[PDB]
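Every protein chain but one is kept in place in this view of the complex.
Should a chain be cited, it is by its letter among A, B, C and D, assigned in written order, with residues numbered from 1 in that chain.
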Amino acid sequence: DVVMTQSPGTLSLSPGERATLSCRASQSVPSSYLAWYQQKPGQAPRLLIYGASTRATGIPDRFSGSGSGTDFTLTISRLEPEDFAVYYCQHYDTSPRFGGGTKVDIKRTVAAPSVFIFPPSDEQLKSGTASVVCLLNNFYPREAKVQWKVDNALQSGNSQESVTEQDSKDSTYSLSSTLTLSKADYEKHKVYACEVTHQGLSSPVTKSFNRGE
Amino acid sequence: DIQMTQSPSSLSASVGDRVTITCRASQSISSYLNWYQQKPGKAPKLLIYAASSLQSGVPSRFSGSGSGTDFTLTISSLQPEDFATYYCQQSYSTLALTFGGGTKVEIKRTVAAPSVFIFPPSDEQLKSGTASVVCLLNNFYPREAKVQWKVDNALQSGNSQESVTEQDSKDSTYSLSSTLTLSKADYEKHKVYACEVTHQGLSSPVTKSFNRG
Amino acid sequence: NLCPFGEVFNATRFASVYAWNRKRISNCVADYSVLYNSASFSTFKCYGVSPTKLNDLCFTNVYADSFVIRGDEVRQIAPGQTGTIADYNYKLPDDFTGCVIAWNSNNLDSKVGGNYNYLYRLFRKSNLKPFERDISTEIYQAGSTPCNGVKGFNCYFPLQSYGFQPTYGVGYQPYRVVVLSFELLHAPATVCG
Amino acid sequence: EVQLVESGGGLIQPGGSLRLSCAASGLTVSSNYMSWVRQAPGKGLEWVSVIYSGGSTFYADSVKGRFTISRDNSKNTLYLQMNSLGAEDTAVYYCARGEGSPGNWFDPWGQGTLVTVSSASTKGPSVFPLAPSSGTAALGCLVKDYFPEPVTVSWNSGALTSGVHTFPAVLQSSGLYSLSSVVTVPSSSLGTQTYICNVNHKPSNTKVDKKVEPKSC
Partner (left out) sequence: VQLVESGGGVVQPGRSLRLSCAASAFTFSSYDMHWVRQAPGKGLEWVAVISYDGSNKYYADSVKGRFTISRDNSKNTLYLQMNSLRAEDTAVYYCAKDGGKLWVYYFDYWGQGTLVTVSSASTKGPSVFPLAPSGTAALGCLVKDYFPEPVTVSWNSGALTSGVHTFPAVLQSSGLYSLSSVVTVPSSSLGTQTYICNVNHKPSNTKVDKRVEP
């Protein structure tokens, strides 16, 4: 039984840079027993490097592993936006053991979000509930503030947000804020708006619609 | 390592009854299974060796059987001196000799109601700094008795430690003493000190309590 | 004359576990007392018989099996065990009667560059029978398409190398194992203690 | 053409039992090391059990006594029977060939299935459109009030993939999940291109197709 530890927890590097992921062990472990796995969001882990240094079939040349004894290193040279994933080391003593994993975030230029507002469907309104959805599309960094204003009154405690992972192609985030009201409450008001403040925006952007129009 | 599992952990039988103890092994130990008897405070004594062979001097009422993983010790006619703990010990792994959990043979009797008494901490104890509240359950059967401490009608657990006397040689009854240990600063903070008792020979939980002072 | 246990224990080179060696010991007087107090052993477990009782017992034949395995695999050399070594390399029966003796051999069987001479069988369709030796090197077929003697996808060489290095942890260090089997037939015994 | 296809996941009450399947093509399950690796939400990977080609099975201490790995040679399928399930067993379970040892790594892996251990009940989703308004336009689907996870949303049965964003499910205060799937399209193709989102809630076999069209004022 040998305990492996990966470092760092998260890594943030721009595209084209060299990534260095470590997997240190308390005792000395044979290099032939060390392996690396890549897991992209929403997918199954994929064998990346086995035997500490041997590259798996179909794995790009920019992935390479090295090290021996107590310090095994995975290197991702010429980093790409599609390399956004969590990487685990793995070894065997008396049972298969994985490391805690290392997240690889990908830096990119500031991107202002494209804002879209969506009224509730009449189909949902017949059910007795109104869901108003505000979309922040393809921005960076993740820090963004979304404010709901119903008839120019700031709303609080009736909206939930959801953020996507970093995009595997442009390395941006997307956010959806859903305002939820009852049908009776939804008809009581006319103007529905979400205001967006982001680093890529010189001034807050507001998207709105008038109920019935 | 070879683990020996005995069943049951305890039994209640009267003089003349037929007792059969079971002893299972985590793997086949062939026929190398020994039985031992240990009186309270005395050393163990050999009864059956090699599953079924009777040791010299051991009474004829003792007999063993079994092979592989299941083994049985049988007392054809129980006697008043045969109330003790009975261990099984495998000898197949001669350099890793393991024992069983043990099976305590106990005297069977009628269900007796416990006599509950509560005691406040003495004045010589508050002078030192500590404060122990002792509750007594006297002469009852079976052993399974629940003792609950209520300080100002608040359930107490972890502040006391129970202790049970062995089965009495005259009336075969048990006894329980729970010592609610607490500091002096925790004693004058409250007022009511109760002792709730739940037993098979009680139609309703009996509580003996007192007020501080 | 005495039984040649020294030729097995003090052997300068050991066999791989998949091709474990066996010495048949017959027609001699075995001196178990001096044998068990010679070297220092990391593992000494006997089954069905006691080490001090062997001096008083006679057997028709005595077998001495010897091989090398990993440190973390010594627990598989015992009755009723499972694993890559016990299933595919060296298997002991459930009613095994004998002794398992192992000791750390990092100073003998590990090289600074890695000692890849000790192999074990990684792939096998079925488990071994007790005391069954399989020295086959036929390409293992893990898929529907047959291999025809060429290693490829779903076509694996059955043996895997250990690769011992002196600075590895003890779980990964080489251990030399000697298993003493005591055969008792309805024949005149030739080996006595 | 080597695939490991998994099934059997979903909702199960605490203390209940479940049986996952791993149908293989491209390898013989009875001839390989076959393992199960689970991953609790937001957490790392954990090896669960393995079965040898010779029949021996092994389990991690966190599941010993409750899980039983098996296989069916005629169906060429790996199985994992899970009993006495609790909250600590809620995870995505993967099957894989190998055991993570030299010459025997985890390869290939299955797509994984999600086991949710809760006292709640399975509820199918409702799908509502997110209609665009009057350079580039954005439309989407709102999948609301389903349990448990997951739901999968595609657009035009896979023909529309660029610009699609499906957000993680948020646990509403009612105990039911809700997510939105949006996609950005050029404004010119709103009237000359039909957009249909394809919502699949596996735990309830609920497959909903929603056409998203602009609304006429």
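Operating definition for what follows: a contact is a pair of C-beta atoms (placed from the backbone, for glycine too) under 8 Å apart; a residue touches a chain by one contact, two chains touch by 3 or more.
K.L.:
Of the listed residues B:87, B:141, B:149 or B:187, which contacts the missing chain in the full complex?
P.N.:
Going through B:87, B:141, B:149 or B:187 one by one, B:87 is the residue touching the chain not shown.
K.L.:
For a quick check of understanding: of B:11, B:19 or B:46, which residue touches the chain that isn't displayed?
P.N.:
B:46
K.L.:
Going by the touch rule given at the top, which residues of subunit B touch the chain that is not shown?
P.N.:
Residues 32, 34, 36, 38, 42-46, 49-50, 53, 55, 87, 89, 91-92, 94-102, 115, 117-122, 124-125, 128, 130, 132, 134, 136, 138, 161-165, 175, 177, 179, 181, 208, 210 of subunit B touch the chain that is not shown.
K.L.:
What subunit C residues would touch the chain not displayed?
P.N.:
Where subunit C meets the chain not shown: residues 33, 36-37, 44, 48-53, 57.
Keep this in mind: only the chains that are shown with their structure count from here on.
K.L.:
Higher C-beta contact count, C-D or A-D?
P.N.:
Pair with more contacting C-beta pairs, C-D versus A-D: A-D.
K.L.:
Rounded to the nearest whole Å, what is the centre-to-centre distance of subunit A and subunit B, using the mean of the C-alpha atoms as each centre?
P.N.:
The computed centroid separation for subunit A versus subunit B comes out at 58 Å.
K.L.:
What is the distance in Å between the mean C-alpha positions of subunit A and subunit D?
P.N.:
Taking the average C-alpha coordinate of subunit A and of subunit D, the gap between them is 18 Å.
K.L.:
Based only on mean CA positions, could you tell me how far subunit A sits from subunit C in angstrom?
P.N.:
The separation of the two C-alpha centroids amounts to 52 Å.
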